[PDB]
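*Asks:* Below are the chains, spelled out letter by letter.
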Amino acid sequence: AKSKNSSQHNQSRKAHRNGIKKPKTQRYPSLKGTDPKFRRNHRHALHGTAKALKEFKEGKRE
Amino acid sequence: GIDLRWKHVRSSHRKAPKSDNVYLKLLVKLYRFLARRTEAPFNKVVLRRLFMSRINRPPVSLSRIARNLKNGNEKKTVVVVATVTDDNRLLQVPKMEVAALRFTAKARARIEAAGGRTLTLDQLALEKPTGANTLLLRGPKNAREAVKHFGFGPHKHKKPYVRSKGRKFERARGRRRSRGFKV
Amino acid sequence: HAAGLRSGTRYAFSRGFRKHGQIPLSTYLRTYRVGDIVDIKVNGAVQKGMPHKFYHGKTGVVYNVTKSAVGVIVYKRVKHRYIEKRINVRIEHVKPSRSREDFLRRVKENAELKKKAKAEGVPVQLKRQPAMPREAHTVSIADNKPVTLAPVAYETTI
Amino acid sequence: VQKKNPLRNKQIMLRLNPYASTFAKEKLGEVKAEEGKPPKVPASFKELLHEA
Amino acid sequence: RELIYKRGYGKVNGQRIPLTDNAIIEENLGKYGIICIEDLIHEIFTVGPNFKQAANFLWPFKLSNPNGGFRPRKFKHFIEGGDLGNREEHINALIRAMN
Amino acid sequence: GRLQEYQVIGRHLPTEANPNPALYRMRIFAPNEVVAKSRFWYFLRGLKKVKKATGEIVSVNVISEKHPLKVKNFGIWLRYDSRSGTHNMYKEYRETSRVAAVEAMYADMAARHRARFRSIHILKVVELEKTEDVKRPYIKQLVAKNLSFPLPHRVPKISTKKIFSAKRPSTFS
Amino acid sequence: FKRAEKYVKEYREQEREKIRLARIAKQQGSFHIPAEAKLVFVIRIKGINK
RNA sequence: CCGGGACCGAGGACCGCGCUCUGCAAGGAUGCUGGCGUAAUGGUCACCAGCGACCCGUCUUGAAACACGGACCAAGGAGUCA
RNA sequence: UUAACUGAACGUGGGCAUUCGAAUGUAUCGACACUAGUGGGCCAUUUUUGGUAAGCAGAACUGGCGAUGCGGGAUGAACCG
RNA sequence: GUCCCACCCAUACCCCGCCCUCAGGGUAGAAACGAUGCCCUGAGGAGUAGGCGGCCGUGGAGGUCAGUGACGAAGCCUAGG
Ligand SMILES: [Mg+2]
Ligand SMILES: [Mg+2]
Ligand SMILES: [Mg+2]
Ligand SMILES: [Mg+2]
Ligand SMILES: [Mg+2]
Ligand SMILES: [Mg+2]
Ligand SMILES: [Mg+2]
Ligand SMILES: [Mg+2]
Ligand SMILES: [Mg+2]
Ligand SMILES: [Mg+2]
Ligand SMILES: [Mg+2]
Ligand SMILES: [Mg+2]
Ligand SMILES: [Mg+2]
Ligand SMILES: [Mg+2]
Ligand SMILES: [Mg+2]
Ligand SMILES: [Mg+2]
Ligand SMILES: [Mg+2]
Ligand SMILES: [Mg+2]
Ligand SMILES: [Mg+2]
Ligand SMILES: [Mg+2]
Ligand SMILES: [Mg+2]
Ligand SMILES: [Mg+2]
Ligand SMILES: [Mg+2]
Ligand SMILES: [Mg+2]
Ligand SMILES: [Mg+2]
Ligand SMILES: [Mg+2]
Ligand SMILES: [Mg+2]
Ligand SMILES: [Mg+2]
Ligand SMILES: [Mg+2]
Ligand SMILES: [Mg+2]
Ligand SMILES: [Mg+2]
Ligand SMILES: [Mg+2]
Ligand SMILES: [Mg+2]
Ligand SMILES: [Mg+2]
Ligand SMILES: [Mg+2]
Ligand SMILES: [Mg+2]
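Taken in sequence, the protein lines are chains E, Y, P, F, H, L and Z.
Residues in the first sequence are numbered from 2 upward in steps of one, following the deposited numbering.
Residues in the second sequence are numbered from 31 upward in steps of one, following the deposited numbering.
Residues in the third sequence are numbered from 3 upward in steps of one, following the deposited numbering.
Residues in the fourth sequence are numbered from 314 upward in steps of one, following the deposited numbering.
Residues in the fifth sequence are numbered from 151 upward in steps of one, following the deposited numbering.
Residues in the sixth sequence are numbered from 2 upward in steps of one, following the deposited numbering.
Residues in the seventh sequence are numbered from 51 upward in steps of one, following the deposited numbering.
No lab work stands behind these hints: they were computed from the structure.
Every residue, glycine too, gets a C-beta built ideally from N, C-alpha and C.
Be aware that one or more of the hints could be misleading.
Computed Cβ-Cβ distance ranges for the label pairs, DEER-style [unchecked claim]:
| id | chain 1 | residue 1 | chain 2 | residue 2 | range |
| --- | --- | --- | --- | --- | --- |
| 1 | Y | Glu142 | P | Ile85 | 55 to 65 Å |
| 2 | F | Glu347 | P | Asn112 | 39 to 49 Å |
| 3 | P | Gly37 | H | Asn215 | 55 to 65 Å |
| 4 | Y | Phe63 | F | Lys316 | 29 to 39 Å |
| 5 | P | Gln49 | E | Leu47 | 35 to 45 Å |
| 6 | L | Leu70 | P | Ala133 | 48 to 58 Å |
| 7 | P | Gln49 | Y | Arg205 | 31 to 41 Å |
| 8 | Y | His38 | Z | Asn99 | 38 to 48 Å |
With the hints as constraints, model all of the structure from the sequences given.
*Replies:* If you want it as structure tokens, here you go:
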């Protein structure tokens, strides 16, 4: 027999029952999808920055 | 009518231990009194952790204690509301004063042989009623086989429920491109 | 019925009246940085790098910069949750957004207001207030005699 | 244990506002307007009022 | 004045506490210069700089139905002859009946 | 209802391009000043390009009847909406005040043409100074010379709680 | 006590000042537009259904 | 500022805000008096009276249904174990 | 990456507040685990599509009945309160 | 048809008592407490499918009540509490 085809009648209320969850933002976003050349350079830039920061405490004194 | 979204909402945290241990009940009474009559947040945290289930009190190993004993924490009293276990990988146990819910036999023996000291939580309450000069430690909560299965789904890299491991168990059609698609 | 990619984009993706043909080159001359806030507006004359019709008229944050396109983060409402979508959009469909210009001008105005208030010894008001009810005032009818109006009688105009 | 209306219980009223007794005694609710012969309403005002 | 004096309740630690003493008002609003019920009334009536704090400290007033009733049909606008909307100064009679 | 004539003076909000805007005055018959201001804004929307949001009320005053103890004839020109169109009609009343004339007008329109308050526009209310400018026979017969009449078949006043009477009442007083 | 005394005096003076400003405008032949209301009391009159 | 009426008396040493301060109407009723001391109050049952009140279970969007099962009663009777 | 320290990204060090930069509320924030029933719906305002129309058939938003008693509409799943 | 006054009553609103639920506090140099108790305060209460908690009842087992009973156990009847 025939029946109802489709409906969105109750969906808004069901969605709002426990709130519309918006994923919280973070200080450091994922570098996924970023330009691989930029990622490759950024890796070594971070390496050098950490090395320089450690030498600063150990006697480099920048 | 009053038009409230929430009514009779119960607190989602434990208010007492589900355990029937008589000595745990005595310890809970002691730390209830301490948390009521002292300003120290340490006592309240200890009291709340005394209610917790075993999975909420993962074990802490001697090596985990030794990691946190570094960088100016050598003379602090280690407080673990959990079981303290031994670690074979740690060959030299540093001198330490640890108050824990319980110790394994090997952990207690090695702590005492290294010149350290072992305390119960009531002894800790006696000597440091406000938790002064204490280092409060927790074990790895997520380091558990069951947690590896939680949230299994596409592109989530969790552990499936399988009876065995091998080429014939969940490794074809849905896991490689040579069998239609991968996950 | 159909559910193709560009279904229902007859007017949204079309170029306006007397807006066809050559594309101004300031679009290509603009520069974008990661973290910039951009408005997405699909240009119908550029079929490469076209975002889906959902993202037409949406505002997002640049998360990736490439040779001729930018990656934009948008938040899309599906069922009871928000999903973080990442779209690669060519520059022709991207415009820098004024959605933060008021705040970006207010921050520096507040900085100068703070330094001037500290110099002058009197605090000022940094936060914006909503429109307040009007104060008491006097209106003189000298050379402004009120004009008496009455409702007009009905009559046909056809 | 019992909320007492200060508008009915004078003791509660004096507890909350010690100035209530002085207000009642000095009759600050019956202060009459300052003296002075009132100026009459201007003829322009009256003409505008009855203009139409 | 009458609303604060008769139906005055403060939100103290999430609880609805009757304003039977000036100590409660001083304890919950003393940092804003409000230490008495007359101070609270003055702040509300004059819309002072701490009107937000005073009004939010006041628990929402729970009035009774008006002693003389409403207009014949109360769910039209006041202009149409009902009770909804802005009746301006005429809300004082409604407050006197409802309070 | 029980009405009162209000002089309502309003104004467009002053702007830089138009300081000191024109002041508009209307005479509004309303139960209260809230309704008076509402009707003022309604008619000013009808007549000029001014709204309540883009304007303000300069003044609201009560226009009392200057001789409420003198009997007068009033002519009211009004525009009203029927079920099938809009019409203008002129009617006459015999009252001691403009407010009373307007109340009688509202009751009479409701009684004879089923016209509600929402569908009537009072174009003009004028006190007819003379006698020969009275145009309606139902006012002429009241202003007839040496007018006097009896009150036949008048029912005596009996308390509604006096259910039973021991003698049959008379209707001659 | 002193604060309440000051408040009572302030209320009376504000009322009298409004009255005298309106009167002086009327005398000078102008209209005094009073300040728009700064406080409202709002009462929920309908129920919680529909 | 004066009256007239109704319903109610929660708590149980003091503690507090206070006032018109030897005291008080101020963090919840006391004082005086009368009749009776028993079926008097009160409970239960039967009946009359005023108002109210469709037959349960079930499937169902919708059951009092002109939808199905049920004449009545006792006992048995259906999420167990590995 | 640029002709180049000149940019990009991430930082070190120093400074800001006589005011953390609209309103209102916060009578609840977030994460996790395990699992029930449901997956025939129907009615109403407004917008509607097919149909001459239907107590007909099909959709959008919101509110309802289902799952809900109570006062009113005599009588009623949905109307008013 | 319009306008006005008084009045009638819902399980709604306001004040008070009580029940429960939820929440927030106090309570040991213990004259101390079914601390799983007591004391103080505030708010809330519809519900099919369904979930959870607490309790009542039945056959049998261990411990205990130095338990009840032929001077009457169990069962059964009872406009008696
Ligand atoms: Mg079928
Ligand atoms: Mg279906
Ligand atoms: Mg939930
Ligand atoms: Mg309730
Ligand atoms: Mg993916
Ligand atoms: Mg092959
Ligand atoms: Mg193959
Ligand atoms: Mg109370
Ligand atoms: Mg004079
Ligand atoms: Mg009455
Ligand atoms: Mg009514
Ligand atoms: Mg009896
Ligand atoms: Mg009967
Ligand atoms: Mg009946
Ligand atoms: Mg059927
Ligand atoms: Mg049935
Ligand atoms: Mg039938
Ligand atoms: Mg059937
Ligand atoms: Mg069948
Ligand atoms: Mg049968
Ligand atoms: Mg048997
Ligand atoms: Mg049986
Ligand atoms: Mg499911
Ligand atoms: Mg299906
Ligand atoms: Mg399912
Ligand atoms: Mg169906
Ligand atoms: Mg239909
Ligand atoms: Mg059908
Ligand atoms: Mg059903
Ligand atoms: Mg209902
Ligand atoms: Mg009914
Ligand atoms: Mg029907
Ligand atoms: Mg209650
Ligand atoms: Mg319930
Ligand atoms: Mg058996
Ligand atoms: Mg026997």
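*Asks:* Of the numbered hints stated earlier in the document, which are not met by this structure?
*Replies:* As far as the earlier hints go, only 8 is violated by this structure.
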